[PDB]
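Engineer: Here is what each chain is made of, one letter per residue.
Protein chains: 2
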Amino acid sequence: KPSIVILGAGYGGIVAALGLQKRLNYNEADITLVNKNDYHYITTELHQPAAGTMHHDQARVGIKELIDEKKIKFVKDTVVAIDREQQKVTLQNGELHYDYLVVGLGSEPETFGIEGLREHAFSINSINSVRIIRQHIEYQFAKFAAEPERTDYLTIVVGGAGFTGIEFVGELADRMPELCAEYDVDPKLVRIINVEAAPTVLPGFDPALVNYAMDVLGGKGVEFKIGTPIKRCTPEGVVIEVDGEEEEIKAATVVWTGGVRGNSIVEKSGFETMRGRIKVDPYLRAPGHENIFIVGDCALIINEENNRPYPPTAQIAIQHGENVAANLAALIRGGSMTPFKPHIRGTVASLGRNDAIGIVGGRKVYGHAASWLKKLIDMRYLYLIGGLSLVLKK
Amino acid sequence: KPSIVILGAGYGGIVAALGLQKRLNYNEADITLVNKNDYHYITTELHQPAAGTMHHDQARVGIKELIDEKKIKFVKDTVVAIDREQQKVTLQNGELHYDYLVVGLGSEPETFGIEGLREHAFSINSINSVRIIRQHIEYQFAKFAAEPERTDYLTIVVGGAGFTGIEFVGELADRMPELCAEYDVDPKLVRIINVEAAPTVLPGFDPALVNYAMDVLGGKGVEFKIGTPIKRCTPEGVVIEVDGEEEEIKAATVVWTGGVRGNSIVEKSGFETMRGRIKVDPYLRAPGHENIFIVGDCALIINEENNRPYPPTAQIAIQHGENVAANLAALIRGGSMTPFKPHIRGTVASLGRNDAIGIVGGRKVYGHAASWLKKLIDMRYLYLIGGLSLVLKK
Ligand SMILES: Cc1cc2nc3c(=O)[nH]c(=O)nc-3n(C[C@H](O)[C@H](O)[C@H](O)COP(=O)(O)OP(=O)(O)OC[C@H]3O[C@@H](n4cnc5c(N)ncnc54)[C@H](O)[C@@H]3O)c2cc1C
Ligand SMILES: Cc1cc2nc3c(=O)[nH]c(=O)nc-3n(C[C@H](O)[C@H](O)[C@H](O)COP(=O)(O)OP(=O)(O)OC[C@H]3O[C@@H](n4cnc5c(N)ncnc54)[C@H](O)[C@@H]3O)c2cc1C
Ligand SMILES: CCCCCCCc1cc(O)c2ccccc2[n+]1[O-]
Numbered sequence: 003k004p005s006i007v008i009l010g011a012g013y014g015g016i017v018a019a020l021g022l023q024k025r026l027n028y029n030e031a032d033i034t035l036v037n038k039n040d041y042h043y044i045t046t047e048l049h050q051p052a053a054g055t056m057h058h059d060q061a062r063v064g065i066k067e068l069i070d071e072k073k074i075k076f077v078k079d080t081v082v083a084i085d086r087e088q089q090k091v092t093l094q095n096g097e098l099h100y101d102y103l104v105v106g107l108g109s110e111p112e113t114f115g116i117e118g119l120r121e122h123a124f125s126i127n128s129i130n131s132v133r134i135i136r137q138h139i140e141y142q143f144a145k146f147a148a149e150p151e152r153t154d155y156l157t158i159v160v161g162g163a164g165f166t167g168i169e170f171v172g173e174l175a176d177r178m179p180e181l182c183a184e185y186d187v188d189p190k191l192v193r194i195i196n197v198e199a200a201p202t203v204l205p206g207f208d209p210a211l212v213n214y215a216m217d218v219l220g221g222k223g224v225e226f227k228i229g230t231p232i233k234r235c236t237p238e239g240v241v242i243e244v245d246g247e248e249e250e251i252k253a254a255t256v257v258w259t260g261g262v263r264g265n266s267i268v269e270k271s272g273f274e275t276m277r278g279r280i281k282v283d284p285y286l287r288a289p290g291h292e293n294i295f296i297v298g299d300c301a302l303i304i305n306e307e308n309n310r311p312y313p314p315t316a317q318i319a320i321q322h323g324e325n326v327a328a329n330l331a332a333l334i335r336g337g338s339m340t341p342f343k344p345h346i347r348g349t350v351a352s353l354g355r356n357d358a359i360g361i362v363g364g365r366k367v368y369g370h371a372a373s374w375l376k377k378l379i380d381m382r383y384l385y386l387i388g389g390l391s392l393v394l395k396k
Numbered sequence: 003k004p005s006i007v008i009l010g011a012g013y014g015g016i017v018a019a020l021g022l023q024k025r026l027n028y029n030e031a032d033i034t035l036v037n038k039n040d041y042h043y044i045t046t047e048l049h050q051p052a053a054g055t056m057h058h059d060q061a062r063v064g065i066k067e068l069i070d071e072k073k074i075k076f077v078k079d080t081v082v083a084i085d086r087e088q089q090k091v092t093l094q095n096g097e098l099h100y101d102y103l104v105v106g107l108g109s110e111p112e113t114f115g116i117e118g119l120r121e122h123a124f125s126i127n128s129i130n131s132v133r134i135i136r137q138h139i140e141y142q143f144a145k146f147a148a149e150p151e152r153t154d155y156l157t158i159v160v161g162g163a164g165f166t167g168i169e170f171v172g173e174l175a176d177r178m179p180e181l182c183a184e185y186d187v188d189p190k191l192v193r194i195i196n197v198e199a200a201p202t203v204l205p206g207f208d209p210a211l212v213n214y215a216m217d218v219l220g221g222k223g224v225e226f227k228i229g230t231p232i233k234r235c236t237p238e239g240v241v242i243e244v245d246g247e248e249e250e251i252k253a254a255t256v257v258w259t260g261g262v263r264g265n266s267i268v269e270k271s272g273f274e275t276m277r278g279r280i281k282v283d284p285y286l287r288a289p290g291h292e293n294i295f296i297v298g299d300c301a302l303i304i305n306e307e308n309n310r311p312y313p314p315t316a317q318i319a320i321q322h323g324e325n326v327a328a329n330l331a332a333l334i335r336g337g338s339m340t341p342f343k344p345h346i347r348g349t350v351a352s353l354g355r356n357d358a359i360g361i362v363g364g365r366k367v368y369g370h371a372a373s374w375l376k377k378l379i380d381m382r383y384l385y386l387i388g389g390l391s392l393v394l395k396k
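Quick mapping for you: the protein sequence lines, in order, are chains B and A.
Counting in PDB author numbering, the first sequence runs from 3 upward without gaps.
Counting in PDB author numbering, the second sequence runs from 3 upward without gaps.
For the record, the hints were derived by calculation from the structure and aren't laboratory data.
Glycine included, C-beta positions come from ideal geometry on N, C-alpha and C.
One thing to keep in mind: the hints can contain errors.
To be verified - Quick list of in silico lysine to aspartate or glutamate cross-link-like pairs, EDC-like style, CA-CA up to 16 Å: (1) A/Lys38 <-> B/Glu121; (2) B/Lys190 <-> B/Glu247; (3) A/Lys145 <-> B/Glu121; (4) B/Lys38 <-> A/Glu149; (5) A/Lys270 <-> A/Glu149; (6) A/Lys38 <-> B/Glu149; (7) B/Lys78 <-> A/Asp186.
Stated by the list, open to error - Beyond 12 Å from chain A on every Cβ pair, some chain B residues (computed): (8) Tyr41; (9) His57; (10) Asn130; (11) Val132; (12) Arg133; (13) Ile134; (14) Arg136; (15) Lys145; (16) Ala147; (17) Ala148; (18) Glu149; (19) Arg193; (20) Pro201; (21) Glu292; (22) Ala328.
What the hints assert, rightly or not - Which residues of chain A face chain B? A few of them, derived with a C-beta cut under 7 Å, are: (23) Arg133; (24) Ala147; (25) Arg152; (26) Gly388; (27) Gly389; (28) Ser391.
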């Protein structure tokens, strides 16, 4: 029996694994699924627990529940490095050998070398991280009543006005009334600030959607600072550049949604990478490796029409997983692989609990409709991996 | 018309104000009630929100609701000093003059000059403080999952094994299962440590009850270090003395229940004070001042039978308030005052939500019975100050 090793149980990894379990018969191969946690989390909704609008347990599921213990062997450990020559994967507590390898370790934050951003700012990339963000903000609001001169406790700075940042500041904006009521806080004193180095909010997106989103968020008191880069980050706050002059923002909380890169383990293992990402062949394999597959945020796909990269998304990650599952099955049985072509359908960005903006099939959508559509998509992924029972569980 | 000014709306202050409300007519005197908050909190239960076993709103009530808008004028401000000579009380937002003064500003923490104890340890003395404590602890538990090597996050040091410390560690012990469930924490790694400089817990209490309480709490994994004083306190933890040799405990959370003193305002105003408290005459007046009354934790009472001091408690504070109300009513109307005689009917100490120990009148009580007893006492105070409606609201 040949050995298939999947690193990371994210969208790409979980979809690849479930695909392989569905397609292959017993002892056709030995499949090992590796994750640093015994759970798989819904990354696309991680902004809600970070704000506290949703419990974090509703954003994750047990891996053992989803998979087949007979077909797939699950290992809970942390990947340290990959040795291409030895075809071996190093772990915190052991080592593994692969005939075939699928890499889906997802993304890690890119702080661009900005000072203090790594040490003193938070990221929305895991259950742990969002629990920390939530509890941090609650702690600051708790501290304010005893020390009312410190309005920096009530100031939250979100760096980067991208997809994630917009969704997050929307959730925070919705969370603020209950949060203020809980800690005897004057709602007027609260400051939610979204800071973008780029000249436009949601750069590379349709201006109508951007302006609508900006109007809605601004109505709920969210402030936007545009064309404003962050020079440095401290525990007290951030230093930004306005009109070519340094300016200071005092904030107990700084959340970084500025940029992401592929996992550093991949680059550190000797792969040639752009932004930590691998520009894979039409079969989603690593260039030079017939037995190594890259999925999700780790893989880089270029759009032949405009020669610009596809953004790192869960939507395309799932498709990577399905394609890799099929190609692995074919490779295992002697067959020919099918080239991967991405089909990018609608996309929705939430703006609080009851509002959203997005493009589906060329058709722009707003409000309650778009909100329900996004909820629908989430339910679709839940169904796809867990069935009706998983959707019922939440 | 004479002017009576009441400083602090605690047990003594609130009871005094309500008593004056019942006894006097609409123009017999001018009564001013001063508080730094617009609410009165149930100090005797503040340990529950501190652990997170109860919502903080269940520990407080609005002052304007309880009193009579016609009879008593309520001022929300923070007392700064009292000028005995001018008979004036200075405030953050104004000043007042008194013909008669009632001082019931309660207690402040006493750290005895132990290093770093004031700066880096928490106290259970207000709604704000317990919200800060609970959110702090939750924050540490939130941080643990990302850094499992930092077990100091799961270590809580409670200094002083008095009434408050014992009740608090009991509440923490009950709180730990849900807390651990919330943040993916192994309960075995959690350490709750109660540190006492004295060789025995709860001096002046029945040793059977004490040993029983320690047995019960010890069953819940609570650690006791007795005869161990705290040499100093740091953000990392505390430094204690064992066998005349220094030892270190690494703890993210340190809560001080070691000692209390009378409000520092009293001492700073030129009054003669012992432990920040005033040894009052049989009429609860300040020695040398016929128009100044001291109540609650600010007042020091000695038992004439055995010459030992009465501990600063809510029960005796309430009794102080009623006595001062009666005596002031007599003084304004030309009558004879009655000396204060304290009647201590016993007190019960909780050991988590479902356990307690206590002596009532003469009968020793354990378990669910004692727990229900404590709840009943709470109901008694609630009825006494707010009527049936106050009890009904909770
Ligand atoms: C708030 C937020 C909102 C988003 N909304 C959308 C949306 O609406 N639509 C959309 O298309 N995309 C959205 N995305 C992007 C989407 O979530 C990611 O593109 C998706 O996670 C793809 O990443 P992945 O499949 O490669 O794996 P990931 O989701 O990144 O998961 C990687 C897995 O591997 C584990 N892991 C990582 N390193 C190791 C290691 N050394 N050892 C062991 N295990 C490891 C991790 O614990 C994790 O389980 C959003 C992202 C965020 C943060
Ligand atoms: C966990 C805990 C459990 C306890 N259990 C019991 C028990 O079971 N039985 C018992 O008899 N006793 C118990 N006690 C003790 C009791 O709570 C206090 O002794 C009680 O509060 C009496 O103090 P006080 O009424 O004088 O003032 P406090 O109740 O302490 O407060 C005085 C009021 O004045 C306000 N104030 C303070 N300073 C200022 C200022 N400068 N300006 C304006 N306002 C101010 C405060 O906000 C407060 O509202 C317990 C105490 C604690 C912490
Ligand atoms: C149900 C009809 C709408 C179809 C659009 C789906 C495209 C789409 C868009 C997303 O933003 C996704 C985010 C996470 C997972 C899947 C996603 N999908 O599948």
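Engineer: Now, for every hint given, state plainly whether the structure supports it.
Structural biologist: Hint-by-hint comparison with the structure:
1. At roughly 38 Å between alpha-carbon atoms, A/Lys38 and B/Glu121 are farther apart than 16 Å, so this suggested pair is violated.
2. Simply put, B/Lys190 and B/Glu247 have alpha-carbon atoms about 28 Å apart, too far for the 16 Å limit, and the pair is violated.
3. Taken as a hint, the A/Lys145 and B/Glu121 pair is honoured in the structure, with Cα atoms around 14 Å apart against an allowance of 16 Å.
4. Taken as a hint, the B/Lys38 and A/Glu149 pair is honoured in the structure, with Cα atoms around 13 Å apart against an allowance of 16 Å.
5. The hinted pair formed by A/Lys270 and A/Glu149 fails the criterion: a straight-line CA distance of about 46 Å is larger than 16 Å.
6. Proposed proximity of A/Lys38 and B/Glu149 is supported: the alpha carbons are some 13 Å apart, at most 16 Å.
7. Distance restraint check for B/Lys78 and A/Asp186: the Cα-Cα separation of roughly 15 Å lies within the 16 Å cut-off, and the hinted pair is therefore satisfied.
8. With a minimum CB-CB distance of about 9 Å to chain A, B/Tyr41 fails to clear the 12 Å threshold, and the non-interface call is violated.
9. Not every CB of chain A is more than 12 Å from the CB of B/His57 (nearest about 9 Å), against its label as outside the interface.
10. At roughly 4 Å from the closest C-beta of chain A, the C-beta of B/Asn130 falls inside 12 Å, breaking its exclusion from the interface.
11. Distance check on B/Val132: its Cβ comes as close as 9 Å (rounded) to a Cβ of chain A, failing to clear the 12 Å threshold; non-interface status is violated.
12. Once the 12 Å rule is applied to beta carbons, B/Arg133 is inconsistent with being away from chain A; the minimum gap is 5 Å.
13. For B/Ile134, the shortest C-beta to C-beta distance to chain A comes to about 5 Å, within the 12 Å cut-off, and the non-interface label is violated.
14. Its beta-carbon lying about 7 Å from the closest one in chain A, B/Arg136 breaks the requirement of being farther than 12 Å from that chain.
15. A beta-carbon of chain A is positioned within 12 Å of the beta-carbon of B/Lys145; the least distance is around 6 Å.
16. Not every Cβ of chain A is farther than 12 Å from the Cβ of B/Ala147; the closest lies at roughly 4 Å, contradicting the non-interface assignment.
17. The beta carbon of B/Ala148 is not kept farther than 12 Å from every beta carbon of chain A, the shortest such distance being approximately 4 Å.
18. With a cut of 12 Å on Cβ distances, B/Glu149 falls inside the contact zone with chain A, its closest approach being about 9 Å.
19. Every Cβ of chain A is farther than 12 Å from the Cβ of B/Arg193; the closest lies at roughly 20 Å, confirming the non-interface assignment.
20. Its beta-carbon lying about 35 Å from the closest one in chain A, B/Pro201 satisfies the requirement of being farther than 12 Å from that chain.
21. Every C-beta of chain A lies more than 12 Å from that of B/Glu292, the closest at about 37 Å, which supports listing it as non-interface.
22. Interface exclusion of B/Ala328 from chain A stands, the closest Cβ pair being 35 Å apart, more than 12 Å.
23. About 5 Å separates the beta-carbon of A/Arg133 from the nearest beta-carbon of chain B, less than 7 Å, and the hint is met.
24. The interface hint given for A/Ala147 holds, since its Cβ lies 4 Å from the closest Cβ of chain B, which is under the 7 Å cut-off.
25. Interface hint status for A/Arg152: violated, as the beta-carbon distance to the closest one in chain B is roughly 13 Å, over 7 Å.
26. Hint status for A/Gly388 relative to chain B: violated, with the closest Cβ pair at about 21 Å, above 7 Å.
27. This hint is violated: A/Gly389 has a C-beta 25 Å from the nearest C-beta of chain B, more than the 7 Å allowed.
28. Checking A/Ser391 against chain B by beta carbon gives a least distance of about 23 Å; that is not within 7 Å, so the hint is violated.
When each numbered hint is compared with the structure, violations occur for hints 1, 2, 5, 8, 9, 10, 11, 12, 13, 14, 15, 16, 17, 18, 25, 26, 27 and 28.
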